[PDB]
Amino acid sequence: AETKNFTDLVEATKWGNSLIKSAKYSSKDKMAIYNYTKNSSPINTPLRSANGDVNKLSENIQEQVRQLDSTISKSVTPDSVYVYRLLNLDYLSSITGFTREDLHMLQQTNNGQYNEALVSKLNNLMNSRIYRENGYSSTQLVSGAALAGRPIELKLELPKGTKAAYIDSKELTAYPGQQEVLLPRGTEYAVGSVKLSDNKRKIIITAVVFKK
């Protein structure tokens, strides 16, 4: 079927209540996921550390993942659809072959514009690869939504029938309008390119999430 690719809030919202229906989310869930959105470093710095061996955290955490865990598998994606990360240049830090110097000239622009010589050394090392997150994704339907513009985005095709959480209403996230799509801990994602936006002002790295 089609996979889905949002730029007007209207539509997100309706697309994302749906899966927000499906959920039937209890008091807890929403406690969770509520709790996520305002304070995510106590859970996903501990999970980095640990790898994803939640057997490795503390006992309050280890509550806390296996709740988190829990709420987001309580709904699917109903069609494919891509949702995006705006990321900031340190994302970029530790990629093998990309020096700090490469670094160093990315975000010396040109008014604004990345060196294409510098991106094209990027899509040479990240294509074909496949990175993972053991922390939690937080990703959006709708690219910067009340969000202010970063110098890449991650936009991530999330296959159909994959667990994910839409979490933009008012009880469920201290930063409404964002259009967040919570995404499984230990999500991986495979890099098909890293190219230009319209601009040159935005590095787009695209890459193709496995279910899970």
The other form holds:
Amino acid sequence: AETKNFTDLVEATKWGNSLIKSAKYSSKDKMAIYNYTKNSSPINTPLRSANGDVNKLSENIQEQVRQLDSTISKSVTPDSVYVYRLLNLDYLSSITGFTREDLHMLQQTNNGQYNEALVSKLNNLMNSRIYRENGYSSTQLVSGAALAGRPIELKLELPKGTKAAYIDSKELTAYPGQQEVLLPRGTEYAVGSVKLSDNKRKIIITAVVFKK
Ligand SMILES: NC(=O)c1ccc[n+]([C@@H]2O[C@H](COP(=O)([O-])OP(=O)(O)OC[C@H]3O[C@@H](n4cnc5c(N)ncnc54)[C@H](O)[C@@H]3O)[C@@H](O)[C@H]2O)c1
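Switch from the form solved without ligand NAD, shown above, to the form solved in complex with ligand NAD and output its structure.
Below is the whole assembly, all chains and molecules, this chain first.
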């Protein structure tokens, strides 16, 4: 079978539920997922501040991280699939070579459309490079199901069998309807390209995730 790319919410929900069923979540699993979706800053900020080094975190946070790591690893993708991580322009401050001025100019769109030259520069700066998200990665099975107004769309191809938690169920998330797929902390992805969306109103960063 070929890679999945969902545009229909019903099909996505059906596919996601299969992961939820295979997960066999306990009350402890449900609590970890829910609390993260509702208040994740206490966990991901310190993780980002010390790379993926859980050993530099306070005891309460290390326990919650080990717990959530364990919950997410309880299910894997049954098919190769694309998930979308919508991001703001601040994300680009982490890219080497893109100057403070490039961003300044980048925010100056032409009726919403982004500068093609600066996007090409991003492509040049990011292509074939492996990036790593130190916090957990909150994504959506269907692009636009959440925060659809954001500038950047990180299109991530997930290999079949990689750890991932589909959590769009009323008991798992404080924000139902975002078709959220939560990826392991430390997710690594090799950027294939950086281009303007079809309508040039978003910057699409396409990458392939390394099976986790
Ligand atoms: N972002 C999504 O696509 C998405 C999909 C699922 C659900 N929702 C919900 O949104 C809430 C928060 O999600 P979020 O995506 O804003 O969280 P986040 O942790 O990604 O927020 C960090 C913010 O800083 C920027 N950023 C992200 N990673 C960065 C990095 N490595 N370096 C520098 N800047 C970086 C982004 O522009 C982002 O707005 C959660 O409750 C989640 O369940 C979001």
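Residue numbers count along the first chain shown, from 1. Basically, rigid core = biggest C-alpha set you can superpose within 1.5 Å across the two forms.
In the overlay on the core between the two forms, a shift of 2 Å or more in CA position is seen for a single residue of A146, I61, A174, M31, which is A146.
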